[PDB]
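The chain below stands alone, shown as structure tokens; this is the form deposited without ligand WM1.
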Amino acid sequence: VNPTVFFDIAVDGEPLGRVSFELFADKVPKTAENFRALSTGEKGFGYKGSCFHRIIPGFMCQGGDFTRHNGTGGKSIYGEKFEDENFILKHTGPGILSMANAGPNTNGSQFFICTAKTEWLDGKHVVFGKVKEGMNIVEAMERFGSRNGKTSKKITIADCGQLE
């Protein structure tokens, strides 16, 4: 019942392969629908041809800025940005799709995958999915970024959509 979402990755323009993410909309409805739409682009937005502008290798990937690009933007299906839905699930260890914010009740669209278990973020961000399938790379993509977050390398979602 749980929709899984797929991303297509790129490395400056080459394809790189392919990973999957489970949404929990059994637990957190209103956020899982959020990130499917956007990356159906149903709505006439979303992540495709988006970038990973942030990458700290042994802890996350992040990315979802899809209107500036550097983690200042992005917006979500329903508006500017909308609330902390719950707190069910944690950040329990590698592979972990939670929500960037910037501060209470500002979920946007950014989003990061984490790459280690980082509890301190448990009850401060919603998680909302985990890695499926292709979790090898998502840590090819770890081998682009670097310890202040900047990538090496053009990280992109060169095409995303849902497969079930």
Given for the second form:
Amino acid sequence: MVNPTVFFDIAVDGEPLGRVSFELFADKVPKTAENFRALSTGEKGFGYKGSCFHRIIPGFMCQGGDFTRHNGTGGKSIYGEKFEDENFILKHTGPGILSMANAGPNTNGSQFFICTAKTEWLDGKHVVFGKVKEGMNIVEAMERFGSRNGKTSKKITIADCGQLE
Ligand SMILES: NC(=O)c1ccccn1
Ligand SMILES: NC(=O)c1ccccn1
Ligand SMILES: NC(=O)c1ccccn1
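With the form deposited without ligand WM1 already on screen, would you show the form solved in complex with ligand WM1?
Then the entire complex follows, led off by the chain already shown.
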């Protein structure tokens, strides 16, 4: 079939900003893509809606997906607490790359990051599974609320999220 597309509706201190949409690479990382897809729809009873981008470093990346500790230490996959690195077929080529955050080999949960630069040192250690399709202007707006140490000057939230036709 066709690779799924997922959207995030982003808010800044509760104020609507815009929509970021993502192509998920189910054709190359079906397991990893399915996790992010189901967390986006909330169809297992948990996921990304209402959570925040807790760490944003301009010229590097926007990190989110921690809906259990809201700070980078939590989250869980649709398969259990953690799942294996599925493969490293896809590389971190530039801005818009969507990739899994982790704390060691085989520790993927729900946390993910959106690259805003090429981050080749992450290749072969973070599983890349998607890419921003629309709203890279919105990801760039988000990023302006980050800082050098990653603390956001405003609260950046996924006000709504879902799967698109
Ligand atoms: N430690 C992590 O999950 C990480 C996430 C994004 C970029 C670099 N490292
Ligand atoms: N990606 C995760 O589930 C994670 C990443 C860093 C620290 C703790 N958990
Ligand atoms: N490890 C690398 O290839 C690299 C490239 C630029 C900045 C930091 N690290």
